[PDB]
Amino acid sequence: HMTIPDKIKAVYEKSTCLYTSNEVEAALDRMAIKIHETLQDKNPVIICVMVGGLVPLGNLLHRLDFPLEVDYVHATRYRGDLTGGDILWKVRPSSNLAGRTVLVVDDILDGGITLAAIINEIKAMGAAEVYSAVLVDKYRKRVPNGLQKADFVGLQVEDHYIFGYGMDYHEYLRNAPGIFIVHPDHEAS
Amino acid sequence: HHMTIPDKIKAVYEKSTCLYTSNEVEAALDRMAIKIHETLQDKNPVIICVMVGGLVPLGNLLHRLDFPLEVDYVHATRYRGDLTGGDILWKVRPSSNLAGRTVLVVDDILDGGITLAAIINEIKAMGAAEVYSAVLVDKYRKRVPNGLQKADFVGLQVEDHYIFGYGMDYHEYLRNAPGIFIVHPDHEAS
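The listed protein sequences correspond, in order, to chains B and A. If you number the first sequence the way PDB author numbering does, the last residue is 188 and the count never jumps. If you number the second sequence the way PDB author numbering does, the last residue is 188 and the count never jumps.
Honestly, the hints are just simulated from the structure, not real lab data. Some hints here could point you the wrong way.
Facing chain B, from chain A, some residues (calculated, C-beta under 7 Å) [claimed, not checked]:
{"#": "1", "residue": "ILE7"}
{"#": "2", "residue": "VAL54"}
{"#": "3", "residue": "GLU68"}
{"#": "4", "residue": "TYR171"}
DSS-like cross-link-like pairs, simulated, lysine-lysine; straight-line CA separation at most 30 Å [as the list claims (entries may be wrong)]:
{"#": "5", "chain 1": "A", "residue 1": "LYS122", "chain 2": "B", "residue 2": "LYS89"}
{"#": "6", "chain 1": "B", "residue 1": "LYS148", "chain 2": "B", "residue 2": "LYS33"}
{"#": "7", "chain 1": "B", "residue 1": "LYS6", "chain 2": "A", "residue 2": "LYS41"}
Where is the CB? At the ideal position from N, CA and C, for every residue including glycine.
My request is simple: use the sequences and hints to build the entire structure.
Listed below in structure tokens is the structure:
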């Protein structure tokens, strides 16, 4: 029968490139400058939001020229859970975050209900300050209970079906070198 | 108000010696990527990050890998006294979905690799068809019983220095240093 990797190849092959890898790297440079201005003297814990935060965070980290520690967190949500109150935790924020400045890093702000719950849970562990960073923000789309603004944003995009540079298409294509839009043939509407 | 940990961190970084520049590291990642492609492009691998050291090397490596793959992560710790790897503490375990899959395990450094070998063996025990190992740096002259004996993919071979950077920490700091650095003997005596 038809194979998942063959279908992935077809999706990628038919996709359209919204941003090159170079443009993405350039957006990471801009973020880094801003993050430095805000955080350099704050000894932050930088927390990767799994799994999507991993590519952006790893590429951002060596651009940040100040003392910092790294950690990670993992939460999922049912789409039907509109409040963020039924969140499924796989990896919880640690007690070590008490009194710390924390920067939370994710691939994309898309509503951000789940990102807001993660942030609030970090606050509940006693963090002094929580900032948010996102490689891409779907800037026109905001939802109740969602995160209204990220502190640091690489790229602002319209509401497309997108993948790459940490963003998956059914777990695949996080390794695509840029930001891509799924072809209308493969957009299940 | 006394000297803080971050102040000492700055001093360590300031006195450290640069072993490899960021450019040399990126070039090593390019070489690893080519090797990984030749061996794995047709294998539909799950690429697993060994937390937390794997995160920067993996993130940088990922967008160089031009073939279908999935990403996951694992986390395990060890007492220095546990020379066997029989008593490792799991924080995040390999999943049962790895059954029948080709898996590539990515960590920052092969330094003995006792924990790394235990992780690999545990992935085999969940039924993975094949396990490969990739490491940004290998302390190629240091091998220990129960440790990983050889990695399939190695970015850079180094001597047994106190090193940090590019995902390797010095007491949880300095994973963000842009290159590979050696700690000055005034901060770390042998």
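Consistency of the hints with the structure:
no. : hint               : in the structure
1   : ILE7               : holds (5 Å)
2   : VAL54              : holds (4 Å)
3   : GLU68              : holds (5 Å)
4   : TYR171             : holds (6 Å)
5   : A:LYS122 / B:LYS89 : holds (23 Å)
6   : B:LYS148 / B:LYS33 : holds (15 Å)
7   : B:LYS6 / A:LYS41   : holds (15 Å)
Hint compliance for this structure: no hint is broken.
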